[PDB]
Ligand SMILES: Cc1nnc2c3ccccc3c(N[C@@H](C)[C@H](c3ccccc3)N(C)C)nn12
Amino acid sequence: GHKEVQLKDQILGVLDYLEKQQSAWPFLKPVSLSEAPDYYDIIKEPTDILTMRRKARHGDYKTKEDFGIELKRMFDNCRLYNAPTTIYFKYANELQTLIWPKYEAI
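For the form deposited without this ligand, could you give the structure of just this one chain?
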């Protein structure tokens, strides 16, 4: 109904802002299974911006918190897989800092 429609539109607005930040490049699409099988040996709940966008468009987020859990996991996955000294880890920190207030405002 209208609450789910409104929520979808708000989530897509957050993902739009997310996707245009310089620190978003590592997170735009799923990690290639072909290129990086070892990634999926460590990360068992993968996600990325494109997958969240497609899920949102198709109504797969029933509540704000369902989206929040997956958005948080995107950053947590990077900081589990990659070392603290990598640019990826730093970009995860920078991007989460930027986006979390937008998420809370939903």
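Positions refer to the first chain, counted from 1. We call the rigid core the largest set of C-alpha positions that still match within 1.5 Å between the two forms. Only residues modelled in both forms are compared. What changes on going to the form deposited with this ligand bound:
- Lining up the core between these two forms shows that one residue from 80, 28, 69, 36 moves its Cα 2 Å or more, and that residue is 36.
- Mapped along the sequence, displacements between these two forms of 2 angstroms or more at every C-alpha, sustained over at least 3 residues after core alignment, occur solely at 32 to 37.
Having seen the form deposited without this ligand, the form deposited with this ligand bound:
Partners and other molecules have been left off, which leaves just the chain.
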């Protein structure tokens, strides 16, 4: 109970730092089929910042690694789908590089 509360707050603190970065804005909501019709043929376990924040608020992450797996998957999904010239691919790398020390300190 108390260990989950401490972890929840730390995860939200990392998601707070993540969302105030300029490269975070495209990750604030899920991709739609209108803008990327074959996105969900390629990405089987989609995620985004708001989804992870809801999950964190509700107590869904029992451990730091449970959060880490999905955080990393947000970036990995993005680079799997998008070509290297896209802003999405480029921001996923900038944003992941920025957040990783914060995630590691959890």
